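As a starting point, one isolated chain is supplied in structure tokens, in the form deposited without DAHP Oxime.
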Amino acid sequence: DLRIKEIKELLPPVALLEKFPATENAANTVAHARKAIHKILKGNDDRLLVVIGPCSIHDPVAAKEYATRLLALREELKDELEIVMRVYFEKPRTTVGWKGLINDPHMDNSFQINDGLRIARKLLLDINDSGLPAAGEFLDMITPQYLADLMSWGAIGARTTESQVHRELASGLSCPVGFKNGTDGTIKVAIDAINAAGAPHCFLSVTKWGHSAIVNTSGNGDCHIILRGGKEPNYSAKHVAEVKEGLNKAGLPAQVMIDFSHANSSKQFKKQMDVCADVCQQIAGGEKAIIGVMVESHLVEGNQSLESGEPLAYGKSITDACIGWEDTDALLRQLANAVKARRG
């Protein structure tokens, strides 16, 4: 072990669960959102799932201010939308970079992961206790045990949709999971992933006591695809139509979540408003297959760099660029209006 520089102690998940148990209302928020997404996935509800919020969490203060604003819109629009806040603690990097709040909460390569786990779970508890469900991307294999009970929906990243260990992880998650199409636009990897995840697996994992063990999962049937573009955007009716047939062809429900960001906006954050307009016209025109959308959204639009010394502006993303609150409130009302027109 000459490439392993140092080994440090890591709190077991039981300690984080004991320090920060779920309140009654937080468990109620998680259980009700999970069930509401299941019902949307089963076709038994015509509301739209909206996973929306910052590309990454770096500030518990801005996240909770964002959560309050979003929760007010969640209550107002709840006949049309099942609104779930992006509470992403883990970021996959193209090569190297800040991996998110849990890996480095102080954002300075001190890698205080025990503190990161504490900060993240407390935040998740606070947000669920307020009544707002949370979504996360499941990237690490060990962190889920610290946080999954407060997660109402999860995503597997486009760069890990093919990874067996991530499909194994999804097959044991207690929440619904969405799988992104390939970074080049390929639909087949995600379809395979949905099927892999619907099956039981047996593999090595870590328990809530921090020990490795042999686990057996039952398969997760609440899995679905996320369209995030490839070389070109793939949100348009022609692409929805192709995905639907590909899914049916493989014996899976013909339903999609559409990500407005990333490749579907050509990496231009304000173009998420142009995807909303085409998606809203599709829904308002009667497309039932669109069961969810994803939007990268913060208090203040744009982004900033930790590298730049310029002091960090408040409520502004340090990873990908996000739309700001004004566009977020207007975007959500557009989606609600389209769900309602689809219905009448």
Contents of the next structure:
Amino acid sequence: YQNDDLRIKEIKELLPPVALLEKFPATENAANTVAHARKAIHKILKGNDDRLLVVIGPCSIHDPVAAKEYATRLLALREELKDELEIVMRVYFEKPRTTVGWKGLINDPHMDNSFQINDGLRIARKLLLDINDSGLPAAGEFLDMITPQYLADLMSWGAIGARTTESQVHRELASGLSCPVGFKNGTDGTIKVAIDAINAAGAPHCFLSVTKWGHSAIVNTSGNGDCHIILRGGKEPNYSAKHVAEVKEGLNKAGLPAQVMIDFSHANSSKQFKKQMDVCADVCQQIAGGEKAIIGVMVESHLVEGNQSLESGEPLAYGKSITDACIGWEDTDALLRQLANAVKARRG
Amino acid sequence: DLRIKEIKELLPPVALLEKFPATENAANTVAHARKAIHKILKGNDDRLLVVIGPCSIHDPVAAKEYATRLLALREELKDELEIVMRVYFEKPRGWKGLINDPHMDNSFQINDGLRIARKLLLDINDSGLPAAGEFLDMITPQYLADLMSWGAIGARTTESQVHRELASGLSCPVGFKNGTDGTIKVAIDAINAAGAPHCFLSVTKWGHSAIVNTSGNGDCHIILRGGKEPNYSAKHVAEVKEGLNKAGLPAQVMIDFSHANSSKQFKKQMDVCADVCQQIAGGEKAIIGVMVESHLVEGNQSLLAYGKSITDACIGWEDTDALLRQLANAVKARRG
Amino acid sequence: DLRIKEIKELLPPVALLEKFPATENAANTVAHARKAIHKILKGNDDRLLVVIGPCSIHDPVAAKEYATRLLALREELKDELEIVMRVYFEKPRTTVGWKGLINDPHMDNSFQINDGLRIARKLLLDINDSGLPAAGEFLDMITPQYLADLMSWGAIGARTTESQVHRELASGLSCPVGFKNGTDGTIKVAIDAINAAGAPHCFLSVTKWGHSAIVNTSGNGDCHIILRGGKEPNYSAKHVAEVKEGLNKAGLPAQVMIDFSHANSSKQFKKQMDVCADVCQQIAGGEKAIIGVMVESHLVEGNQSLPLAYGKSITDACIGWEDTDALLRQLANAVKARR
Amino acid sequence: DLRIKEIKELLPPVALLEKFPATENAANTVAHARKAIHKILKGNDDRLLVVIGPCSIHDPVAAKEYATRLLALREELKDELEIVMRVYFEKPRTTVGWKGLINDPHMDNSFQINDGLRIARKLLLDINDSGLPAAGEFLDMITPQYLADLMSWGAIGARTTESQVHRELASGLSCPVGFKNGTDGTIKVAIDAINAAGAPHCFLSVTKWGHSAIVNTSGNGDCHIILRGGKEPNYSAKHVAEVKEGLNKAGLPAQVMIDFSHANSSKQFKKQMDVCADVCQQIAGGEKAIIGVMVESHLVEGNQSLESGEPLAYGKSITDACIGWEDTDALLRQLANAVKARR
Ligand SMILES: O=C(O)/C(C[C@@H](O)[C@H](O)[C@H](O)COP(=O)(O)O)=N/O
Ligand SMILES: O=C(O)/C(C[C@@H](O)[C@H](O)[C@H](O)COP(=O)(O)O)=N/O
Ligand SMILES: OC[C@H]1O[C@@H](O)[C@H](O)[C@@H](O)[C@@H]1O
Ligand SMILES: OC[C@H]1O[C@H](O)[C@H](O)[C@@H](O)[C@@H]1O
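Okay, that is the form deposited without DAHP Oxime; can I get the form solved in complex with DAHP Oxime now?
Shown next: the complete complex, the earlier chain at its head.
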């Protein structure tokens, strides 16, 4: 065709979602994990459970071995702390870049710009399956419009990133997802874009999308009422009581329940991974002092703290982020126990 | 699953491309206008790209009447201006636009809407008038982009990786709007992102998802659309030019006369025009394009009257003729 | 894998249907001719279905000339005959050979099938739009989605009458279907096919979207046998009596279509004129079981080997227009006598 | 679409290939048997291809027990026979009846074709992975894309030997292909089919993505005739000599596979043992043109009728009747001794 594909270099075959769903079906226990976690989060969001949703884990997954070791450790704490916390592992396979960079395990699993996306989808779904089958629910970021069909049935919660909260196609996607969805405030701190997103996601929509067969189609969604805001900072952090109070008022002014999830990382830690523990201290004091609106938190955590560079060509250290820096396991254990103690204090 | 109510059949792009293929004339219109804009962006033509037309298309009849009037000025002023008709089918916000609801009744006859939209784009290009589109999603461009000589990324998606990926593979030049607060950082990031090659998942002309690799698109530029205050003045242009230079990008801008630069007052577009013409006539080479919301009849309507916008308010045809002549005279002055 | 050398993109049927939609006239032509053949097959009409035209289409310009001439005779003889043009785009070869216009439109082994489908559907659309109904052989399992909405009647070839997938195909077609007897002359295989095609089936097929799917059909009751010879011709009234009796035993209407060409003519196109005389005398003598005939006819008689000569078949030899005009008049006269 | 009542979703072949990929053992089994059959067809091996197994598979459990028994004889008789298990899923018929494991795996008219494709591929995978190669029948154009990578040999349905579409299919199959003689016992149509299938073709087909496409094939030279009787059995030395003549006259290798069942056994399953005796006689005497045989065999001889609301006998055909394991063991040993005697 004339005037077509000047800037398209190559087009390669993509496994349809049904191929990944057939190769890696949910086990009974994996399906149980997803169903129970989605119901638990819904109950929190409706105000009928006083526990704290905790979405915690690596900035990005790049190594299934370390991810499964992390998952075993986190599952132990999920079981120990379950009367206070609903613990869901961050299993992020897609990373939004400020400009350019390794986009994650699905886009480039082999970490060498070979872009073996079919391998990436196989690795990602098998890992999500293993984690859910172990009994640990999983959270993801919905950035790509096409990858969710491959994974969403194994997601108990999802986030739409700050750079896409305003995006109509992402709001439409959320309106048809089967899990609860968090919408982050705008990268400059703006709350209104996330409030608008929650309202849009709760409405039914009609739009173009791709089916489990890998074919484009017209899709009609019902709307998703299980959406809430994620506070992730702006030019300055926005986790403190003053900010939470402003957001509660803004939600209620818009007719929405005053409830927030606080991201301890990103702009709320000023991109300094150990400051997540300082955010934790402040948020724990708010919770223990009686703040009911804090229904969830999000934490970037790995086996080993800090981060490392893929671009150097050095062999990668095990269990250590190749993207944002994370707190390590010992801080993670302490942080989770701090949150559990705060939730117990809030209740008693 | 739980929250998917219904899934309906969608014609693949190849069906629309086969039903409404580009005529030799339409193909030539697109090809020459893309090349003309590229030369402007490369600094090898001192003419001004002018993207002008309705806020959104709801009536193909009125749109083709508008196209005929505009083609006359495009040919008349061609030594100073590269005139491209704004052919936007939706207003991001209501009525979901011509593609999503051509019959205006919440029937969501998207297959009909795609047929109507492509036919209109084909007819306008066949007459010799190039068209400019807005790229709001990842699926509709496959049906229409071969008939687009320029496109804008929605302001709500400048920051979105998936829309920067899309731009990196588009065959036409692309404008990225500045941030809602008037800052340009996100737009600079978007131009840098869109300039690089990407690998991502997309839907082919066959209606199947696939892995696509793009080359990167060097024909991307900023659109100034205002922040809390208008940012069309010579002071703001100087600020934007320095920030572009600091980022290693060509110090060039397109200025949107409408929206926050017109302070939400359609007639104020003529005021931005007078100010921008002064800058150009005074020698400002960095202003390479403008965007104007214009229809047959000025104002707007609410879902009736013919040739009058049913979304945002536009200047009517007499102001449009005057505006285009003012810009052409300014370009003449700048040339010397 | 090892014996697949190339896989190339194929336009889906929706693309052809959108580019070349049925005009109002084309749709009316198809609906009327389908209704007319159904009326003839139900015995509620005494006219003769005449499926006549080139062995194969290889030149749309000559086909449109042929169509204009045949349309005039269709209008002239409309009281005795329901005239339907052979528009055959698919050719079953005894071994290897040019498979028709769709498979290789440029007859040079370039296999531009997307071009072939556009050419074929445009031609079929133009012919129906003029008012002339069309007939084809349904050989390919995937091409019928591109063309069947413009077909008023179809044939299953002698070499595929036994084929389960072709019986399934026929069970879901919107047009009447004829089944040729076996190449040895066996009648049973065509009777089995008619019974199978009349029943609902569930099988794998390709949709108008170009995707494979599970398809359920209703069954096609407008099917009938086509007598086309075997070792010896089987058009004589003795053979016709044998077939009507075999049809009765199987509980099927005792009606036949007779193919004047192929083994009935001993592969000699002029002998089609001799078969015509014999069949006309059966009809004029009172034979109501002969509900239709099939004739291989072109602008110029004979055939040629594969520039080409105008109006001559590049596959089986056919009779020319003069013989064609006279044959149709003989048949209409025979119908008028029978009535 | 007046006579199309319903259209239902179908898993594309890639979904089955991803769920049930060929193991290394399975892929090796397929490769080695395809090569061994090629050598036999080209005269570089004096061993006998034996395709043997149930008329149709209705029970994967009995099928795998049969495979385990057959594999043991495959190993024991490997110096004389290339033993390939018949893994057929359907009995083609014009009368009504069970539509086979792929169309109706649950044996109840639910037409759960997606289930049936999963069951059929999983069974083929398991049999190949154990080391036993598998032979299939090609009845349509769409199912082979789900299964053919696990077949070492295939037969085109007797009712489609003359069909251009099935000859096109054969011309692009990765395995050797057998074509059956005509219902009246003549070989003309099968000679035409062998010629047509050995030529390159270009035709429309469904890819592993479940999409129709234009496909070009190389031609299949590993095609041969299957003698299956006509009006009378055609396994006798007089008939083999007559077919050898016709194959030479056509410029094709004078080699044949003899089907011991159906018309050659007068539709009486025990008569397969009489055909075996005669064919062993020809082979032991020095007949080199007999390159393979086809035998309908199961754990338990005879057959049974499928009945709603009722259990079935284990290991016994619900389609045509088969010889049972005792006769199968004796038959395989007879053929092996005849091959030893020929050399
Ligand atoms: O995971 C999250 O919750 C995220 C995504 C976030 O991790 C992003 O992908 C990188 O911070 C970009 O890194 P860069 O700025 O180097 O492109 N929040 O935004
Ligand atoms: O059109 C028909 O009605 C037919 C089909 C017929 O035309 C066939 O395609 C050629 O006779 C094969 O020619 P060859 O024998 O040269 O391959 N009747 O059989
Ligand atoms: O294993 C199932 C059956 O197989 C047959 O070959 C044997 O004769 C039976 O004794 C056995 O029970
Ligand atoms: O970087 C790759 C370059 O070539 C691409 O094909 C584009 O035409 C150009 O804009 C880009 O800068």
